[PDB]
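Peer 1: The primary structure of each chain is shown beneath.
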Amino acid sequence: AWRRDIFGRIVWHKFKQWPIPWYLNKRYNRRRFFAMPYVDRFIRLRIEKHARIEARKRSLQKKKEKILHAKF
Amino acid sequence: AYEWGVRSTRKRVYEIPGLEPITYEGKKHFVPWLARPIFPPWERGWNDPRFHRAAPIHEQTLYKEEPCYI
Amino acid sequence: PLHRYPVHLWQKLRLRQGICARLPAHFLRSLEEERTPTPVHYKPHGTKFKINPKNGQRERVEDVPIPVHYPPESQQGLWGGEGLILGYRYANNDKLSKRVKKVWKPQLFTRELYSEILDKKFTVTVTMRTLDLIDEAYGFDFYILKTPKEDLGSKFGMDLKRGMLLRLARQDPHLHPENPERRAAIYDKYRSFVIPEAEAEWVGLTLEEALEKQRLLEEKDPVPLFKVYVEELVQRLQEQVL
Amino acid sequence: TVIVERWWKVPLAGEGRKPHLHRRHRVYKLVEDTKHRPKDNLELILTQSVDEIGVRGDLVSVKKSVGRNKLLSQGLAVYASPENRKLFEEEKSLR
Amino acid sequence: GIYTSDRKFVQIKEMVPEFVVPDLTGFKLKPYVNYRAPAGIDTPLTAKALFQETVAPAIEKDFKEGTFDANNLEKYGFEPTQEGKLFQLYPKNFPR
Amino acid sequence: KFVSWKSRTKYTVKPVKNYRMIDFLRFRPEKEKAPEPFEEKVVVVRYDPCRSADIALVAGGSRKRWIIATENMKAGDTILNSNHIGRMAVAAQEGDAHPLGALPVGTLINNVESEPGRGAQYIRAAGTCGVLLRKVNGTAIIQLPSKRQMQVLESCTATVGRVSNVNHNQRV
RNA sequence: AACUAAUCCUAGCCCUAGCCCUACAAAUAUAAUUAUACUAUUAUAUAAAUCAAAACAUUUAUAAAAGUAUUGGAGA
RNA sequence: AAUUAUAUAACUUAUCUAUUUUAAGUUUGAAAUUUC
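Going down the list, the sequences are from chains A, B, C, D, E and F. Residue numbering for the first sequence follows the numbering used here, beginning at 1 and increasing consecutively. Residue numbering for the second sequence follows the numbering used here, beginning at 1 and increasing consecutively. Residue numbering for the third sequence follows the numbering used here, beginning at 1 and increasing consecutively. Residue numbering for the fourth sequence follows the numbering used here, beginning at 1 and increasing consecutively. Residue numbering for the fifth sequence follows the numbering used here, beginning at 1 and increasing consecutively. Residue numbering for the sixth sequence follows the numbering used here, beginning at 1 and increasing consecutively.
No lab work stands behind these hints: they were computed from the structure. Be a bit skeptical, because a hint or two may be false.
Derived DSS-like pairs (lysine-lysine); straight-line CA-CA distance at most 30 Å [as the list claims (entries may be wrong)]: (1) B:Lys28 <-> C:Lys101; (2) B:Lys28 <-> A:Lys16; (3) D:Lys86 <-> C:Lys102; (4) F:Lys64 <-> F:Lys14; (5) E:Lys61 <-> E:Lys85; (6) D:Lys64 <-> C:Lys101; (7) C:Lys220 <-> E:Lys28; (8) C:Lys98 <-> D:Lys39; (9) C:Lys105 <-> D:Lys70; (10) C:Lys189 <-> C:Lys155; (11) A:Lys26 <-> B:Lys11; (12) C:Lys105 <-> D:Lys63; (13) C:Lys54 <-> D:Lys9; (14) B:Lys27 <-> C:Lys213; (15) E:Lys13 <-> E:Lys28; (16) F:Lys74 <-> F:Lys64; (17) E:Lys13 <-> C:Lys220; (18) C:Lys213 <-> A:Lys26; (19) D:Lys70 <-> C:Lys95; (20) E:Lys61 <-> A:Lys16; (21) D:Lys64 <-> C:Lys149.
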């Protein structure tokens with residue numbers, strides 16, 4: 001199933017075989033599938049980072065375009 | 001008498017009628033923002049000695065009211 | 001870069017797309033609508049225009065609500081709009097005196113009230129103002145149902161409202177068990193608040209609860225492709241027969 | 001109930017804006033607080049007998065907590081709603 | 001195997017994999033194929049193709065005869081549960 | 001990493017890794033006895049590392065339990081523990097546990113409890129003795145080592161005699 | 001015509017514009033990345049100060065009307 | 001030190017509680033200001 005990790009990302013969680021149910025398994029409950037409040041800052045950075053990535057590739061493309069103009 | 005044992009180590013939505021509160025049972029893991037489910041008895045399907053517990057003495061067929069001193 | 005829509009519009013965009021759009025309209029309206037709580041610690045201006053004494057000119061007026069802090073404990077009780085006013089005080093109420101940090105606490109109490117709809121006596125944190133409102137509302141059950149969420153100012157009260165609305169809506173026999181004649185009287189007494197069962201279910205539900213409920217409502221076990229193809233084959237064969 | 005008013009006049013925001021509060025605008029004056037006052041009077045009906053405040057069945061005006069903490073808490077007094085008030089007089093009429 | 005209390009190893013026969021080796025006698029397929037043999041265009045099998053090849057003929061015959069009902073979906077090959085089969089499609093209970 | 005060491009489930013007379021579990025509720029009915037007066041034997045007067053006074057092992061019936069030793073407690077002595085409130089003066093052997101009602105005024109006592117059932121908490125140090133200043137009906141006055149005179153119900157248990165090391169309070 | 005050296009042009013970036021976003025297996029929060037039980041499972045109070053007032057103390061920003069009326073150790 | 005010292009703390013009165021016939025004073029001082 002799709003689950004949210006402690007980093008705020010949504011990732012597919014593959015289920016594991018256990019002899020006891022989840023509620024009787026404290027260790028499985030010990031595993032954290034919830035995001036902490038401080039991840040809100042990270043989420044904004046991810047959106048900004050994605051926007052930054054688009055800018056960087058465009059800058060990278062511009063440098064490659066210089067080669068086209070320079071060669072021809 | 002002196003008390004032995006440091007004190008440090010010493011030990012709504014549900015009430016609404018006609019509806020059942022949502023719980024993280026579907027999630028299969030605890031989350032603070034969902035209600036704690038009430039779980040019915042679990043059935044392993046086989047006997048595990050490591051987790052098996054001996055039956056009480058009184059329920060034994062050989063239990064006798066008279067005390068036998070050995 | 002820069003976000004075309006401000007951060008506050010991010011919430012609106014999320015509500016307009018995904019499971020939030022699929023949420024029931026009645027519940028969506030309840031969340032979207034915001035109603036100002038009845039003033040308690042401040043008096044709104046009676047008139048919208050006044051003559052300034054200095055210039056003798058009519059000027060439009062504005063209302064400044066006093067800041068009031070409502071602790072979560074109020075969400076577990078039934079407060080009649082009273083709240084903790086946190087701020088600074090001047091000793092003896094003269095500006096020439098020292099400033100002291102002050103927390104003003106309305107006197108709070110825990111008392112028991114009987115609910116006819118639920119036929120149970122609930123021990124609740126309540127203030128004297130709420131008791132007057134209950135009498136003005138013509139009953140504790142009436143007060144919970146009549147009072148809006150903001151004026152009620154209690155999650156516990158909202159939970160009672162959902163239960164009362166759900167109880168009234170369903171004509172549930174659980175009301176006053178083994179007294180069918182008495183059950184009808186309670187429904188007739190509070191008949192004004194009868195509403196569709198769907199709406200009553202979502203009254204007072206938290207956002208996390210609402211999203212999970214809608215997710216559960218729309219969750220569907222995967223359809224075995226055998227069944228899907230069997231119906232498709234039969235439909236195609238039946239269509240061919242036509 | 002506590003009522004407070006800002007000491008410092010806040011510049012008017014006009015027709016459709018919100019004034020921006022400042023540090024001196026954060027200081028408030030206490031016009032009235034029930035805590036400093038003695039308990040205000042409250043109207044209640046004695047459902048039992050209490051010493052030297054009357055007898056069961058009478059309507060007495062007593063200070064809110066003083067009446068509430070002693071009479072109502074023990075159960076001596078009760079609140080008089082409009083519905084039970086009309087019922088009580090009808091019951092008293094039949095009495 | 002399982003390590004029980006007292007630090008003693010106890011091998012479990014069931015958990016020990018057994019290599020099922022097929023008989024290659026009479027089998028005409030070898031590691032390599034002729035360059036003389038033309039290659040076949042890849043046609044990955046799908047549920048639609050599998051259902052059409054196996055399940056469709058039975059229903060088509062039954063539909064014309066009229067001996068079709070919803071209750072008998074298992075008759076045409078539906079499995080209500082994977083329990084009872086040594087190899088369960090979901091959840092997978094066998095190794096590669 | 002701090003775990004309480006006072007976690008022994010079973011009361012024992014053997015030193016515990018050593019700590020010997022002391023009993024400050026003198027009249028605890030031992031096995032195979034009704035809540036009636038019972039007698040015990042002082043097996044040995046041992047040394048307690050965790051207490052200034054020396055502890056004397058007192059055993060009766062099928063139960064053996066450590067207790068504080070009085071001034072004249074010695075090995076082989078017999079110690080009586082009675083719950084009955086004597087109509088007349090009850091025979092007093094130093095170290096015996098008796099209700100304040102049983103004892104007469106002026107008898108030195110130790111290991112007294114402020115409230116019935118509380119257990120001995122004062123006069124547990126070496127050389128400390130409580131004097132029964134006054135006795136009336138069900139109330140008695142006992143002078144604690146702090147010199148604070150307290151009035152308690154006669155149900156409270158008092159052990160006759162002073163604590164061992166009679167000259168501990170006189171140390172210079 | 002000498003050794004050490006030197007020579008080069010893009011690697012890429014920067015500012016605005018535009019634009020919100022909705023981009024294998026196996027193992028893992030236990031001791032993370034240890035294929036199955038242990039042990040239940042959980043962040044955060046005005047932001048302050050520095051700083052300015054040449055120190056320091058209330059105090060110190062974070063379309064036009066207009067830097068006007070006002071406020072302020074009436075001073076920054 | 002001088003001067004104040006509604007941090008708090010106490011008492012008195014309210015307060016809040018029982019019965020039943022923090023604020024305002026004052027005091028300590030968390031401190032503040034000035035001088036040494």
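Peer 1: Enumerate the violated hints, using their earlier numbering and listing them in ascending order.
Peer 2: 1, 3, 7, 15, 17, 19, 20
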